[PDB]
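The data below hold one chain only, encoded as structure tokens and taken in the form deposited without the named molecule.
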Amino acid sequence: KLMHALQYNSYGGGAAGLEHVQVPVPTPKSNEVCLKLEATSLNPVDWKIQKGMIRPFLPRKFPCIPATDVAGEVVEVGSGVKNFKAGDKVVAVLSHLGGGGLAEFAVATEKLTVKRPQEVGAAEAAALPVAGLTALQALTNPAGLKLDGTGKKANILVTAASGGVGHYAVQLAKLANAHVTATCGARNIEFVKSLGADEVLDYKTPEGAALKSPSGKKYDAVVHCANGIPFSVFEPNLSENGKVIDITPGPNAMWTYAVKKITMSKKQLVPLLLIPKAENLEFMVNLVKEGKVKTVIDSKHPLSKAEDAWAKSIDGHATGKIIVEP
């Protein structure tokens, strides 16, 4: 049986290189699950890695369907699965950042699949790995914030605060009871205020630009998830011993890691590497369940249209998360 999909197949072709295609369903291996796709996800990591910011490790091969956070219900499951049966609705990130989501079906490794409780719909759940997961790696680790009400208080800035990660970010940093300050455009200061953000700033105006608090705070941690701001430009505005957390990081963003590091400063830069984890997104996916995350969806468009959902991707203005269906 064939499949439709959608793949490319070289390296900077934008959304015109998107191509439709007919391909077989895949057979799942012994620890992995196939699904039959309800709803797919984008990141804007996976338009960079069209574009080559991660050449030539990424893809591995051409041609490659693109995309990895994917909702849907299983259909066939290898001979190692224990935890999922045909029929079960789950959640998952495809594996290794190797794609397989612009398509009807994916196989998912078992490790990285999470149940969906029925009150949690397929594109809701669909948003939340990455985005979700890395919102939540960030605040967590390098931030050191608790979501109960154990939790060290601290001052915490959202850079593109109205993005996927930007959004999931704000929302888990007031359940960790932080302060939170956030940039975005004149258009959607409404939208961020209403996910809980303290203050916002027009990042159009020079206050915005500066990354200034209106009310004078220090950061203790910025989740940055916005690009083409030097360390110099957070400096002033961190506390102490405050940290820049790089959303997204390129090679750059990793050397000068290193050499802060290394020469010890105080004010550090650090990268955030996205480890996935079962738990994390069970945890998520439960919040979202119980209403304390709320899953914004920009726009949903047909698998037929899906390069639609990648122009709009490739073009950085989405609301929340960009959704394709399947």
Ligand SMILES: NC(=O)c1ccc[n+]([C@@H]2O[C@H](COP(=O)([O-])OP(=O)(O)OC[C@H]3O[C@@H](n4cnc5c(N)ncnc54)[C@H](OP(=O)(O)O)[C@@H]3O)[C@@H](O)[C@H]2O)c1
Contents of the next structure:
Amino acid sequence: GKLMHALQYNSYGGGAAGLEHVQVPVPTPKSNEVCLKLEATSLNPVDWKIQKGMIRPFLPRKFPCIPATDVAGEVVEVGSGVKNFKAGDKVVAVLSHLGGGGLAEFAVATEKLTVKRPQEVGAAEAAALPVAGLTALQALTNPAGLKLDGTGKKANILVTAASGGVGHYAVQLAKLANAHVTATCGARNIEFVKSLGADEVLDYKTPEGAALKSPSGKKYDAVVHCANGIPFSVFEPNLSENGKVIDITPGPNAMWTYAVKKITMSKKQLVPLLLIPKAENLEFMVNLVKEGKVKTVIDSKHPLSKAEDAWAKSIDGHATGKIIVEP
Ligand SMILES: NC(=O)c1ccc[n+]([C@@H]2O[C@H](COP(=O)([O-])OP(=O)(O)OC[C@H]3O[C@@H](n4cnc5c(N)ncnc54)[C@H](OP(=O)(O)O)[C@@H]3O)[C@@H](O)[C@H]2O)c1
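What would the structure be for the form solved in complex with the named molecule, rather than the form deposited without the named molecule?
Let's see the whole complex now, leading with the same chain.
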């Protein structure tokens, strides 16, 4: 019965204050799970949303909850039925949102959602990938219908909040797909988003950025919508005839909009997106980082002993790239 350091919250609404440092049993791998000694964990906005109560009645399943799901680490123990990993292997993995366990010294992941991390890729650089990166990949690959080898159709992509976790992957992945990328962000990251490969960058505080209006007049074929303030009517004049707004933060309004735009057979569509994590895709993204085709941008690094600072930074929402917790 080894013990570990972890952070957990015990109730809704506590913010970073409600995040409490605790000493808890190291989890035991089931027959299909692996136990990782964590080398890096990355936060996602859904992590603090769950704690706030915004994902009720789905999450969290039970209190207390150890938050975060994107991890990179070293395998220390594998389950009786695990074939692809042994102790000592460096990996990157996605933890179940049901059980969490990223802000801890150790975590268990299923074999299905664990991928070998090549030595060319650091732990933090890899831990930033699972949620943010796979979401960008899914949005551009399914609804936007792009191909990242070069077969794909030419296209105009808008990426809102291009400076955040999903956004900053989306911009880079979109360029690998030979698309014209228009991006929105704050004034301080304009040069940053340009360096990711965006053809046009808008400051969303300016009138033109708020209208999402392309400085060269482009109509968008698909929007990877990573921000939150914007009603469909703002997107509509900027969409091509059959353009899709891919809302990666679907709420009740999005769902309803989706419904009536299906019902009324609208040519311009709003499409909710719910990430489906698959190892093939994680393996694919990790490989892109290895080959230097995609770079992970890290907002900040925090030790586990001060992880409430990383949490606060997530909550605040001004992250540029991915927030990382290290041991
Ligand atoms: N459905 C799913 O499966 C799924 C998966 C992943 C994420 N999400 C959701 O998608 C959202 C974004 O995720 P994320 O990790 O990429 O967020 P994030 O990294 O935490 O957001 C940070 C960036 O967004 C920028 N931003 C905020 N408001 C903006 C606006 N109105 N216009 C342009 N930029 C803006 C911020 O810029 P400034 O500091 O300059 O203001 C900041 O740099 C979250 O709501 C998240 O829950 C959903």
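Whichever C-alpha set is largest while still superposing within 1.5 Å between the two forms counts as the rigid core. Positions refer to the first chain, counted from 1.
- With the rigid core aligned between these two forms, the listed residues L97, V200, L195, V74 include just one Cα displaced by at least 2 Å, namely that of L97.
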